[PDB]
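Asker: For reference, the chains in residue letters:
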Amino acid sequence: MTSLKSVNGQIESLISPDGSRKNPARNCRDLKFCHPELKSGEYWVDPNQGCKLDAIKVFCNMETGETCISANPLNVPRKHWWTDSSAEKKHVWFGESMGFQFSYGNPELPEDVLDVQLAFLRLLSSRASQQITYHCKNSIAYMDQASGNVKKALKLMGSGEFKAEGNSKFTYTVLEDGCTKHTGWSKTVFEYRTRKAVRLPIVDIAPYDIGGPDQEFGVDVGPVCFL
Amino acid sequence: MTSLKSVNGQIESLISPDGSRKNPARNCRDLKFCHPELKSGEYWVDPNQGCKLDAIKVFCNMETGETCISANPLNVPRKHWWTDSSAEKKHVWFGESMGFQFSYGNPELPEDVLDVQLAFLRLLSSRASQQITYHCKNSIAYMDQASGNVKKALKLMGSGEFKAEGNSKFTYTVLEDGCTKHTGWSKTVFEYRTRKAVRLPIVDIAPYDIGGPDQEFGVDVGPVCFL
Amino acid sequence: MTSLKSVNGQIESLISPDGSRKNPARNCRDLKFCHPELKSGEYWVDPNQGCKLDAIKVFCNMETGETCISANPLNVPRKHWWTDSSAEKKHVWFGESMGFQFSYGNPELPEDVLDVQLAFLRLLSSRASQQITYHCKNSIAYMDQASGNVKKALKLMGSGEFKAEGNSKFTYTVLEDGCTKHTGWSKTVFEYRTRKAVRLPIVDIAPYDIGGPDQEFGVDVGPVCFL
Ligand SMILES: [Ca+2]
Ligand SMILES: [Ca+2]
Ligand SMILES: [Ca+2]
Numbered sequence: 508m509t510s511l512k513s514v515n516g517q518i519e520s521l522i523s524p525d526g527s528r529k530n531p532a533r534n535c536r537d538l539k540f541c542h543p544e545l546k547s548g549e550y551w552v553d554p555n556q557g558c559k560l561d562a563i564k565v566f567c568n569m570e571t572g573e574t575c576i577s578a579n580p581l582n583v584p585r586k587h588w589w590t591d592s593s594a595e596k597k598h599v600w601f602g603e604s605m606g607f608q609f610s611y612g613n614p615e616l617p618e619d620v621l622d623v624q625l626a627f628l629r630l631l632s633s634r635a636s637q638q639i640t641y642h643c644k645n646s647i648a649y650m651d652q653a654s655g656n657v658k659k660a661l662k663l664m665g666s667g668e669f670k671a672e673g674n675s676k677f678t679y680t681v682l683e684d685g686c687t688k689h690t691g692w693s694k695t696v697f698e699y700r701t702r703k704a705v706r707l708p709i710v711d712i713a714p715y716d717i718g719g720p721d722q723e724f725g726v727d728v729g730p731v732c733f734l
Numbered sequence: 508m509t510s511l512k513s514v515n516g517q518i519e520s521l522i523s524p525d526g527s528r529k530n531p532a533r534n535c536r537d538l539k540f541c542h543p544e545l546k547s548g549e550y551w552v553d554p555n556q557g558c559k560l561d562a563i564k565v566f567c568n569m570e571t572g573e574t575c576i577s578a579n580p581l582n583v584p585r586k587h588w589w590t591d592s593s594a595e596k597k598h599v600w601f602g603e604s605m606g607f608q609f610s611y612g613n614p615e616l617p618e619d620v621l622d623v624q625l626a627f628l629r630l631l632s633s634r635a636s637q638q639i640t641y642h643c644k645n646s647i648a649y650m651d652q653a654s655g656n657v658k659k660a661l662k663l664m665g666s667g668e669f670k671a672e673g674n675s676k677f678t679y680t681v682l683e684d685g686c687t688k689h690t691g692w693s694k695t696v697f698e699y700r701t702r703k704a705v706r707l708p709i710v711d712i713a714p715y716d717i718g719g720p721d722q723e724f725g726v727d728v729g730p731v732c733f734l
Numbered sequence: 508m509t510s511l512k513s514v515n516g517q518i519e520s521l522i523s524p525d526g527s528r529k530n531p532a533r534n535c536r537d538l539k540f541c542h543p544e545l546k547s548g549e550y551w552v553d554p555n556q557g558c559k560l561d562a563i564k565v566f567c568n569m570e571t572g573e574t575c576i577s578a579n580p581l582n583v584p585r586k587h588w589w590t591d592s593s594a595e596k597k598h599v600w601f602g603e604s605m606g607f608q609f610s611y612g613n614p615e616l617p618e619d620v621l622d623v624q625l626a627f628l629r630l631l632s633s634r635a636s637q638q639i640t641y642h643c644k645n646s647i648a649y650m651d652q653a654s655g656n657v658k659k660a661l662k663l664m665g666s667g668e669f670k671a672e673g674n675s676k677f678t679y680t681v682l683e684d685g686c687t688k689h690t691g692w693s694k695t696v697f698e699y700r701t702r703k704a705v706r707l708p709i710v711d712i713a714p715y716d717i718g719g720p721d722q723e724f725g726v727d728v729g730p731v732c733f734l
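Chains as they are written, first to last, in the numbering used here: chain A, 508 to 734; chain B, 508 to 734; chain C, 508 to 734.
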């Protein structure tokens, strides 16, 4: 009878996973769907399903049904990261030069695996969104106070380029803009949200105003969230 | 022993779903594949699989293996829906103006969910096809009798534009053409069929000849069928 | 107790498939993941999952986790397949003229089914690669000895065109080049590898230097391999 009890529970787990490393579910949204009660917390979801042993630790915003992958590493430290030699200041790709590109998900799993689980969510979600902060000292993120212009605004590489202005479908929005005046380290917050998830996540960033001897910046990278 | 009997049946259901709200399958085509006998009828299929509680009531053409989603609402009523003021007559988007866009699947399920189940079928099916009727009084659908021309022909928004003429890959075909002469309410039937399912379903419609005081029309929207 | 034993094994099979026609798994890579030990060999994988009865016999390179579909038919025989009348020699599509296009997977399964299993793997894999050999007598594959040029090089239809030169993202690489001198039947080997798997497999081939009375060629088509 004990064996029967063990089997039945096991079977129930199969019909509905419970989010644990041992019993992951397809998206946070389903976990939400099949486990209405469960509260937002770290949960294990396996987007490509099939084998269960390659799921990923995501954060479920169990309110929205969003699945949110923290990006590793999470942050880029504060430093005066670039030279200021040209009178003209030009866009630079952090990851491409000096710099690393942002990686998303479990460090442990191989590239080809982190690609495909991400690929499914990214290919098959209703929409995706991602937030990113630019810490600044003496460095214009988006709006230049003195020009009242975005010419200085930075760029982001969706995977596709996200700019302040240009085709609307590819323009990030700003959520706050601390870094608009030069004088003595403040934060700007950007956001990209779309129905073509394939466009996310943000892998690289390009600050236009940079390399001043005065100029220093850091970043922290918010999770890419699929719904 | 009764418990064992209940488990075994339960397990069998898992290996093969039977199409019911409680035990849905991935596509009508599989239901057809794993249940060769079952006759065309309303059945419950769950394209994104995973959680079972968000499947959709489709029609299975169990002959073809097509999965056919009736679109809600099904029809647009007969009415003289638009003004005729310009000497020139121009294309108008029903949904965009005066008008609503066609929604597909369960009313009950959320947008983000109806998106993703549709997205999978739509992204991953061999081909899709959809039929649409234009009821008419004193209104040219496709072929103008007097010109022997399609200039008057209408348009449809695949999601992409489907026109009578233009790039071949994006031209609808006509299955019958009642509305070719003005004089005292007849039906034309259009069809789009493709291997890039992503292009369907039809969400919006644009009649070129419209708004005459004389002019009146209705529509009924056939299901979007995936194979 | 025997029934319980049968159920438990059955359940275990469900959690992890074992690659057999009866118990297939999603990709060779998972089979590799959930069955680390299993050696490279013919195995049964079912990419669209759902119903189990429509899987496909693939080769698992259980070292790489690649899933490799042998293409049917495997080879095109040696023959002087084309006319040489024009002083100018021009590209010809074997399949399009004189010729057949390459089909991949189980002969038994219907087109719409072989499409969708391939579609998933092809849509959802980390990368794909495919190798193809051009047997030659008196026929330049890629490099012309006398010109030291690729002008004569052939083409391949990815599904998209793969050429010796052109946009880099769409250029095949050569792995060996036997057919560079005219005089009395040697082999060249081509390869396309990409992260946009949608581009593969190779369905058609176009030799630029062909139809000489002297000129004869065969092909054998290597499998399209998904990872
Ligand atoms: Ca998995
Ligand atoms: Ca579902
Ligand atoms: Ca299957």
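Among the hints, erroneous ones may be present.
Note: identical chains are not told apart, hence a pair may lie in one copy or across any two.
Computed list of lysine-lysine pairs in PhoX-like fashion (alpha-carbon distance at most 25 Å, straight line) [unchecked claim]:
#, residue 1, residue 2
1, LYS694, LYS662
2, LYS586, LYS658
3, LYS676, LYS703
4, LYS529, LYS512
5, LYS597, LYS670
6, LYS670, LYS529
7, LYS644, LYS662
8, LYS670, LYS694
9, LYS586, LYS529
10, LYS559, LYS546
11, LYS512, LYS703
12, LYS559, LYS512
13, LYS670, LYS644
14, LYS688, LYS546
15, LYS688, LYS597
16, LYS564, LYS512
17, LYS586, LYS559
18, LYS559, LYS529
19, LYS670, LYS586
These aren't lab readings, by the way, just hints derived from the structure by calculation.
Asker: Each hint should be assessed against the structure and marked as holding or not.
Answerer: Going down the list of hints, with the structure as the test:
In this assembly of identical chains, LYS694 and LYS662 lie within 25 Å of each other by CA distance solely inside one copy; the values are 16 Å within and 49 Å between copies. When the C-alpha separation of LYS586 and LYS658 is checked against a cutoff of 25 Å, the pair qualifies only within one copy, where the shortest distance is 23 Å, while the shortest distance between copies is 52 Å. Taking the shortest Cα distances, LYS676 and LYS703 sit within 25 Å of each other both inside one copy (10 Å) and across copies (23 Å). For the identical chains of this complex, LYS529 and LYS512 are neighbours both inside a copy (19 Å) and across copies (23 Å), given an alpha-carbon limit of 25 Å.
Taking CA atoms no more than 25 Å apart as the test, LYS597 paired with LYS670 passes inside one copy only; the shortest distance there is 14 Å, against 36 Å between copies. Proximity of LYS670 and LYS529 under a CA criterion of 25 Å is satisfied in neither setting, with 41 Å inside one chain copy and 47 Å between copies. With identical chains, the CA atoms of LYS644 and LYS662 are at most 25 Å apart within one copy only, with a shortest distance of 18 Å there and 55 Å across copies. Taking the closest pair of Cα atoms, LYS670 and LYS694 come within 25 Å of each other only inside a single copy of the chain (18 Å); across copies the shortest separation is 49 Å, beyond that limit.
For the identical chains of this complex, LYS586 and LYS529 are neighbours neither inside a copy (41 Å) nor across copies (58 Å), given an alpha-carbon limit of 25 Å. Taking CA atoms no more than 25 Å apart as the test, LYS559 paired with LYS546 passes in both settings, with 22 Å inside one copy and 21 Å between copies. Proximity of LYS512 and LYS703 under a CA criterion of 25 Å is satisfied in neither setting, with 45 Å inside one chain copy and 47 Å between copies. In the homo-oligomer, the alpha carbons of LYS559 and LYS512 lie at most 25 Å apart both inside one protomer (22 Å) and across protomers (23 Å), since each shortest distance falls under that limit.
Only within a single protomer do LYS670 and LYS644 lie at most 25 Å apart by alpha-carbon distance; the minimum there is 21 Å, versus 50 Å between protomers. In the homo-oligomer, the alpha carbons of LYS688 and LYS546 never lie at most 25 Å apart, since the shortest distance is 41 Å inside one protomer and 63 Å across protomers. Only within a single protomer do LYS688 and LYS597 lie at most 25 Å apart by alpha-carbon distance; the minimum there is 18 Å, versus 51 Å between protomers. Taking CA atoms no more than 25 Å apart as the test, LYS564 paired with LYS512 passes in neither setting, with 29 Å inside one copy and 34 Å between copies.
Taking the closest pair of Cα atoms, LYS586 and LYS559 never come within 25 Å of each other, the shortest separation being 41 Å inside a single copy and 50 Å across copies. Taking the shortest Cα distances, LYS559 and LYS529 sit within 25 Å of each other both inside one copy (8 Å) and across copies (19 Å). Taking CA atoms no more than 25 Å apart as the test, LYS670 paired with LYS586 passes inside one copy only; the shortest distance there is 23 Å, against 46 Å between copies.
Of the numbered hints listed earlier, those contradicted by the structure are 6, 9, 11, 14, 16 and 17.
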